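One structure is given below, encoded as C-alpha cells.
One protein chain omitted, others in place.
A and B are the chain letters, set down in written order, and residue numbers restart from 1 in every chain.
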Amino acid sequence: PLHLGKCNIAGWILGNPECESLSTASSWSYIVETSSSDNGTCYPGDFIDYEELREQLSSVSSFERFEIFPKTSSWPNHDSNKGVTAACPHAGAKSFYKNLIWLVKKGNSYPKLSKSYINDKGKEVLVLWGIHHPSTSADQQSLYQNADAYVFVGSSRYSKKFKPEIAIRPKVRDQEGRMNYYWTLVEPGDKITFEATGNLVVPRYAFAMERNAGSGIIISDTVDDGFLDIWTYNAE
Amino acid sequence: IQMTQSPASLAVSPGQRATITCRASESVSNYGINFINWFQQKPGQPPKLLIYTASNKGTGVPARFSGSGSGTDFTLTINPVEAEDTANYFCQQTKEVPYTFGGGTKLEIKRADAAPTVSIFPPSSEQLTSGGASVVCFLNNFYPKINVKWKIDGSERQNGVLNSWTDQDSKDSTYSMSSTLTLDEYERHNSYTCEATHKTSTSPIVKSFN
Partner (left out) sequence: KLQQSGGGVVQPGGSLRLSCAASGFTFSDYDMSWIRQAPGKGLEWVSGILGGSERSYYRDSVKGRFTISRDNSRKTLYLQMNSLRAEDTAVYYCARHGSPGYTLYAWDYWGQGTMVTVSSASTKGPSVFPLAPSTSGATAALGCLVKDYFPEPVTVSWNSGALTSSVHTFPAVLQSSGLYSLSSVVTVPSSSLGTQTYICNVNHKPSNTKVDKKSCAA
C-alpha cells in the first residue's frame, strides 16, 4: 500500500514542490493521499484522464523515474530555464514541477518542435506533459511567439492535437493562466512523438512500470489474492 | 549544478574499513531506485566501477567493498582494507539530470616505517656532450615521505635547482626523485652528497671523486 504523506496524486506525480520526498520503492496495492484541496494542482488547471490514472497506478510492479529527455540539452532551440512560477514556488523562490519543463521562447521566435522517445525494454512507460493556456495574447506572445500555435502528440496507440484556449479565468493562486494535464502510455512496441509551435510543458521525468490487476480496499469519500489456501481449509 | 561532496581524504592502516561518503544537494532517490555509482581511479591511470546505485556490487569487483545509505547521503566502505585499494575514489553523476562527479578522496594506507635505500648516479656522457649536467639520486621505498638535501661541500644558497616529485604505491610508499642540474665540465669538485634524512638518524651516500 503506497501512502503519500504530503499531497494528492496530482502534485506527487507531477512534482508540485511540497511533494518531493515520498517513500521506499514500489510495488503497491493502492494509493493513499493526504488530501490537499486548494493546494493540489499548483499552477491551476484541469487534470485530464485523472481517474483512469487513479486506477492504473493502483496495482503496480515497480516504477522508474528516469530522465525521459533531460531538461538541459534536449531542446537545442527553446529557452529551457525561464518558466517557473509563484503558483508552484519553493523556499519562497518561484519553483516549477520537477518532472516537466515549462518551455518559453528563446529570443523571440519559436520553430517547430521535433522531440520523441522511442521505447525498447518492455515495461509501461508513463509520459506526462502539461499544456498551458495564457491569460491573454500578452501572456501568449511573450512566451510562445506564434499566436497561432499548436501541440500534437503522436503515438500509434494515442493521437491528440491540442490548441490553447486563451481567456482570463478567475484568479487561482494569482494566476489567470490555466494549464492542462495529460498522460499517455507507451508500451514496448511504440515510439512516442511530440511536436509543437507552443504551449507545451514537456516531460523531464517519466515512468517505466508493470501492473497486474487488483486493489479494491480504499477510503469511502476522501499473489496474495486467494493464493492457494491458507493452512486451514485444505491440508489441515 | 546538482553537486556531491566527500568526507575528504583520511587514511588507514591496511587494517580495515574506512568510509568515503557522499552528500547530494537534492534527493537523488525516488525509491527502489537511488542513483549514486561509486568509481575508483588508480592514482596515475584509468577509472573503475565498484558500487553502483549505492548497494549493488559490480560483478567483477572485490567483495570487501560495500555500500549503503538512504537517498540524500551515501557511504562507500571497504572493510578489510587491502594494499590493493588506495586509489582516488569518486561519487557519481547522481540521477539523470546534469551529470556531476563528486571530486574524490585519497585513501592513504599505513604500513611499518621503512627505508629509504638511497641510490646516487653521475650524469651520462651524452648529456655532457650537450652541456647538460644533472645528477640523479633516487630515494625509493620509504615511509612516510622524507627530507632530502645535497652536500657539494660548498656554501651557496641551499643548493638550488628545483627537482622533486614522487608517487604512491600499491605495495608501500615509494620513491622520491631528487636531482641537481648544471652545465658541462663545470660544477666544482667531484663531490655531491645526498644526505637523505627521514625517520632515521642519517642516510649518507657519497658521490665519487674518481
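Note that a contact is a pair of C-beta atoms (placed from the backbone, for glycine too) under 8 Å apart; a residue touches a chain by one contact, two chains touch by 3 or more.
Of B:66, B:134 or B:191, it is B:134 that touches the chain left out of the display. Remark: the omitted chain is touched by one listed residue; of B:5, B:19, B:159 or B:166 this is B:166. Of B:9, B:79 or B:119, it is B:119 that touches the chain left out of the display. With the whole complex as reference, residues 62, 64, 66-67, 69-70, 72-74, 116-118, 120-121, 123, 191, 208 of chain A touch the missing chain. Touching residues on chain B toward the chain that is not drawn are 33, 35, 37, 41, 44-47, 49, 52-53, 58, 88, 90, 92-93, 96, 98-101, 103-104, 117, 119-124, 126-127, 130, 132, 134, 136, 138, 140, 162-167, 169, 174-175, 177, 179, 181, 208.
The definition used in the following text is that only the chains that are shown with their structure count from here on.
Chain centres here are Cα averages; for chain A and chain B they lie 49 Å apart. Within the complex, the chain B residues that touch chain A are 27, 30-33, 95-98.
Put simply, chain A touches chain B in their complex at residues 20-26, 62-67, 70-72.
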